[PDB]
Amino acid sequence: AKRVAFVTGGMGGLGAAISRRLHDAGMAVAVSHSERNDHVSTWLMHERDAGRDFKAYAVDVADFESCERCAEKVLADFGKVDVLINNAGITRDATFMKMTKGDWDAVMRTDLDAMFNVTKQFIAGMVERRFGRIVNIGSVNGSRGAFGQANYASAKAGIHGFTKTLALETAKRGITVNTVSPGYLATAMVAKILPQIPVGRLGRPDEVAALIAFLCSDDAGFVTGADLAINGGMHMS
């Protein structure tokens, strides 16, 4: 039975690279989104033109019930989910002194609470079948802290604490949970940044996708509760 992967924000700069890599690894891939049908349709179509057959689901990862409804559809089509990539999130940048409580919640409830809201929908299947791969997308900015992002940095760091506890809980049931923590990436939304990066360039979404593919393969069963940093050397210990 084919391995199934669910990639939240699966149509993003990094979600779409991850999805393509996981499909090319031979998995049945579902991607999550909150966009209008035309966006989703054109995306699905061009992917179909590049040899790739995706199925997409609408979700609000900040909303538990919505995750429940989303998971329902996914499980009905693929019947199980083996590989979960918590990749969906948002930024709401403000200096701390300017930050509104609204800036704060949008980022906590979405970026961090997604660890509970989404992973809750799939964890029983993984434990039942004694197999799973959960990769939580962190950020270099949860490691080093960032100016203007007290909220996004608190969420990415919290994400690692969740990675570690889940790994401890699921280790003995064939499931590994890891944080992958990318630096700045040549995405669509993305001289104060580049000199920050020893390697002297943005990382490619596909590079991060490659590392993720490895973590979800059968060769990475001894990596759990780890933070994999892939940042162009922008941050070290």
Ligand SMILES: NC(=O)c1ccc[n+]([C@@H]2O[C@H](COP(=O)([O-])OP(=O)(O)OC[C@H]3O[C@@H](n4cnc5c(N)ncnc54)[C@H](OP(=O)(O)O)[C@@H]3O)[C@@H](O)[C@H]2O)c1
Second form
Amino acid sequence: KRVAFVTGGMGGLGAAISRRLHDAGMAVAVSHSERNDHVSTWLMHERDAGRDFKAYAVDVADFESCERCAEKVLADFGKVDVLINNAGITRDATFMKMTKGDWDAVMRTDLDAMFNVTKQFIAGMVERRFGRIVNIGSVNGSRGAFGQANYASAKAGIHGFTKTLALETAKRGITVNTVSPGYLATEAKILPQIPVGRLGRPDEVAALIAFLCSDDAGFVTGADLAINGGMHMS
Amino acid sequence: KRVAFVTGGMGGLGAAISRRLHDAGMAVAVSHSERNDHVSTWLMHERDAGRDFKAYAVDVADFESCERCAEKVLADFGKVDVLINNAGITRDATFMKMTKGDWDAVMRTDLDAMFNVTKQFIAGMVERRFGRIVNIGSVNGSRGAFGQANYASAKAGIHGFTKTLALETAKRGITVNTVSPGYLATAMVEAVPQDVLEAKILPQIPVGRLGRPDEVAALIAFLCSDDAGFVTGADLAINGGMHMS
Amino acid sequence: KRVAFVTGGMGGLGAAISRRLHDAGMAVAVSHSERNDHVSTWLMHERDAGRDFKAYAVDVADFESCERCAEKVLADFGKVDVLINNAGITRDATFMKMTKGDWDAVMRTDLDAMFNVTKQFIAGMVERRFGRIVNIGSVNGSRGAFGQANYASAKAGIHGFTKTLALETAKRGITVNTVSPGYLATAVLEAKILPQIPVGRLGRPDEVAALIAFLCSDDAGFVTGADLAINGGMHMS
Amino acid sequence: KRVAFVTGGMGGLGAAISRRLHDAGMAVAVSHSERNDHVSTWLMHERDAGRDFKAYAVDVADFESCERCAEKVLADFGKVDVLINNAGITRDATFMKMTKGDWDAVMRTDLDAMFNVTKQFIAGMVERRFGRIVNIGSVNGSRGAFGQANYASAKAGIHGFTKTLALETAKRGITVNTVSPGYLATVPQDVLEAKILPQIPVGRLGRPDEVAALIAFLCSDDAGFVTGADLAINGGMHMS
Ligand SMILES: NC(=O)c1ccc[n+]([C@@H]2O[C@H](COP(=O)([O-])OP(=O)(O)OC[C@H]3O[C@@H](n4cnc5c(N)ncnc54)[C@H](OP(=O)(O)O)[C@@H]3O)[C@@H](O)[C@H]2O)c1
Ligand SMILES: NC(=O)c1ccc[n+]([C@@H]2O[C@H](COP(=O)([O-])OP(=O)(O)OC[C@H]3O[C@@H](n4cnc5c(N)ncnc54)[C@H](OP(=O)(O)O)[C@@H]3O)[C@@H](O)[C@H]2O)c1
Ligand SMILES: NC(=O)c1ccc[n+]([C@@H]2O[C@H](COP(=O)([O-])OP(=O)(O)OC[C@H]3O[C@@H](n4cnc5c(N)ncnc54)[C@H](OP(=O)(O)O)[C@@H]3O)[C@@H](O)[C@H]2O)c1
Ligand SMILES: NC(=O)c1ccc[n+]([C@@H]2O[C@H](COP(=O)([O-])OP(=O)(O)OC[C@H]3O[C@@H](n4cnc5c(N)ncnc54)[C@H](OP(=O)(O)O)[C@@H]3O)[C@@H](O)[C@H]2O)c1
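Provide the structure of the form solved in complex with this ligand, given the form deposited without this ligand shown above.
Full complex below, order starting with the chain above.
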């Protein structure tokens, strides 16, 4: 049985990913933040809907926290085959008004997490000669993003990580890809810039991610998969 | 019942696409070239494997041939919901040695087909407010390739077409995407000398193997599904790590 | 003394390119279309402003025409070191309404020119181990554009050509690059075009020509196979 | 008289940039690292070569250091029109062997610098309605970079910053661009010959002065319509 770990797995996109991977037959572990005030509630509602998840506290901005979390996940599941680096935040401000704290918080959570989280699971994937690592970027890592110098930098940086790790793991049965969603239903200045004329559904993005985590996607690696309603093309 | 039309549907990649779309529950029409000498045999083997396809002659480089083909497809199936522009050829030569015929043949088959084929089915998709158009590009459109000034140009041009048509159709429930494969296990690869396969082709591919047509077909089947309506104007790279950007 | 040949050298962008290359010290030849009705007027006014150009008729959509043109250029200048594939047209229509003639006209002029024109000058560049080939694309090849299924495809295809020819010529001292301008002040802008341009103005042909002059210089030999975007921020990726 | 500030202005690429901008007629200030032990000698040699530079200590990974540096630069020159974010380092390791220290050192120097340095100069450029901000990326922010998960992430992140700042400043006569050099003649010969040069179509390393010449064009009055762009100068090593 394939094991998936989804950071931010109780958030808007993360919950959709977790449900799709569970329905594809994977055993699914989710992370939750230290500040999360609804861990037991979320698990109960998912169980009522027919899905048993296990949850693990983590601060993806903190390497030692990721170590403690990974120890628990691996103790319970024995391995992680599929890693979704989905946790993320924004701290929007014009560059002129942006604080060092705004910058750092986004950098540490959205980009350092690539190192902090993936370091804990990569050795096992390499040892077993199988893995799927999916890093959640953003259309605003590609298009210019007003008021988001920190978020755009972190999200663009994610794809540099994806490409390096893809090259390093390509002969070990692992793929590493970036999925860059557009704006999700999770907005009178946004909708006009989306050609399909609607926000994206988290379940749609989750469906693409489930394909990438499947046995049919072993030839997709180092790629950036854009699912943005046409908002950005290049 | 969703209807798909796959150009080059009996070729290496096209056959894999046709099978995947059929297995997803679509009614599948395939094109074949006018001089294809094995059409009945191909249909019989697919029937033996449990899949009934209907096959239609076309020259995708010729607008009138595409018109005649589409007339017959629509007479049998009533509509086309899913169009896979997959037919394609190469005519490799260094630019110094490339002929006018080499250039025109690749441009007309590989790029003009975007116009010649898609024009025959776009109106119905627009009126029904649903469609999936998938154009097969190439990793060599993205990175360029020695000996392929014609082919890389045509394959790069395909994505310009994809982006424009995506913009024009986005409010009609249609998506238009480019799929750009790396080297695949088909006949083009199988005609390569073994030493060239080993020393020149495989070292280009980080995952260390050619891609299977069925893998590319699986990605295309996702794009043609009801879960991919938010993917449009994209270029989806499935190349084993051969190219990243 | 480097020789440049600029197709569409008398048009909006082409004239600015020709002036910049001349001012960089090159001997400049320009093409003109077969029915251009102001060739001698243009040449005289450029001479009045201090620049002696020579002009040559061509149809870049026709291989034979390009043969004849290159024959005349090479007879007068001896060689061509720098080739600017700048001639281009649009034939806008929604895809639903676009005709085969709309498609073919843009494809043959804008994309086939890569073959028809460059085939006539590539051998000399390879023989001399020096060359600069600059192909004019468009921001609309990068982002796609309503009504331009033909033009966006042709302009996107140009960069596929650039990358391949760059690979084939890189060990022979030749560079091949695409320059993709945004909307230019050439011959409703406040409501339709300008709001899409972050810098809030159209581009000047001379600005694009200045970038091209850099790419054609001895300082740009490490730029090849690139697509240089000069679009006022209209498209980023 | 246009004023330029070049971080890492005494390094391999940075010195070539500083010379080109000086020769274009700009007044040029360069940064140096805090423990750079050859500031006086470097300045003297440039002076003997006919170029008067002013040098300033900074740690681009530290916001307060950037503040002190910028205040002294602005006191001496009155303004900065042209900012070259060129300081940078590598800490190469395979991902399996890479430490948090390797990652943080590259992130803070190569990516946080975009914030730490540019924050000190942006207000003046906005007020004067002129600016050129050029951020030095890398071909390895575009192509896959084996053994450089940290450096590739930092360099790719730079272009996200470029594009945002380009959008926010475009109406104020400021351009912001990424320049992404390939491998430069600034490593064992066996690695150069087996791993690097075969992947560069032109078959040679780039010269720092070549990259500096492109940067000089981008900082000129002819480049005001180039913004939010990534300008690749890599010998053909990466195309897309
Ligand atoms: N929403 C969109 O339109 C959109 C578009 C493109 C990309 N994205 C990306 O999609 C991802 C998911 O975001 P979302 O839209 O689902 O927003 P969301 O509902 O706010 O979810 C963000 C998730 O991040 C987790 N998280 C944040 N900081 C964390 C930390 N330090 N340690 C551990 N977990 C942390 C949260 O955990 P808890 O729930 O446990 O507190 C939460 O589940 C993000 O990477 C975002 O950048 C979103
Ligand atoms: N193979 C790879 O490594 C690779 C990699 C990237 C992209 N691609 C693309 O994948 C697509 C399919 O190629 P393939 O590898 O499957 O090669 P293939 O086996 O040679 O198939 C090419 C197909 O094109 C059809 N065709 C060619 N010219 C035609 C014309 N004028 N009118 C109608 N049909 C025509 C052929 O039809 P008949 O069989 O009926 O004669 C054939 O089915 C092409 O677009 C190719 O560029 C291939
Ligand atoms: N203007 C913009 O906003 C813009 C933006 C991006 C890209 N571009 C590109 O810039 C280039 C120059 O166009 P422009 O803006 O300067 O427009 P333009 O003034 O209309 O110039 C087009 C040029 O193409 C030449 N030409 C057209 N068809 C030809 C043919 N079959 N054979 C030979 N010459 C032919 C014309 O020659 P004659 O003058 O001799 O008749 C003319 O000089 C084009 O490639 C265009 O796509 C323009
Ligand atoms: N060399 C290449 O092949 C190549 C290719 C692509 C991109 N690049 C980029 O080009 C830029 C310049 O590097 P280079 O090739 O010239 O290498 P270099 O000779 O090692 O110079 C790096 C520069 O960074 C400065 N620096 C490092 N950490 C600093 C800090 N914390 N605070 C202040 N200054 C600091 C150094 O200052 P001091 O000299 O004062 O100590 C030095 O001038 C870097 O961004 C690099 O990533 C280089």
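Only the largest set of C-alpha atoms that superpose within 1.5 Å between the two forms is called the rigid core. Residues that one form lacks are left out of the comparison. Numbering follows the first chain given and starts at 1.
Among the candidates 169, 68, 49, 38, displacement between the two forms reaches 2 angstroms at the C-alpha for one position only, 38 (superposition on the rigid core). Core-superposed comparison between the two forms: residue 145 shows a Cα shift of 2.3 Å. Look at the core-aligned forms between the two forms and you find a single run of 3 or more residues with C-alpha shifts of 2 angstroms or more, at 35 to 38.
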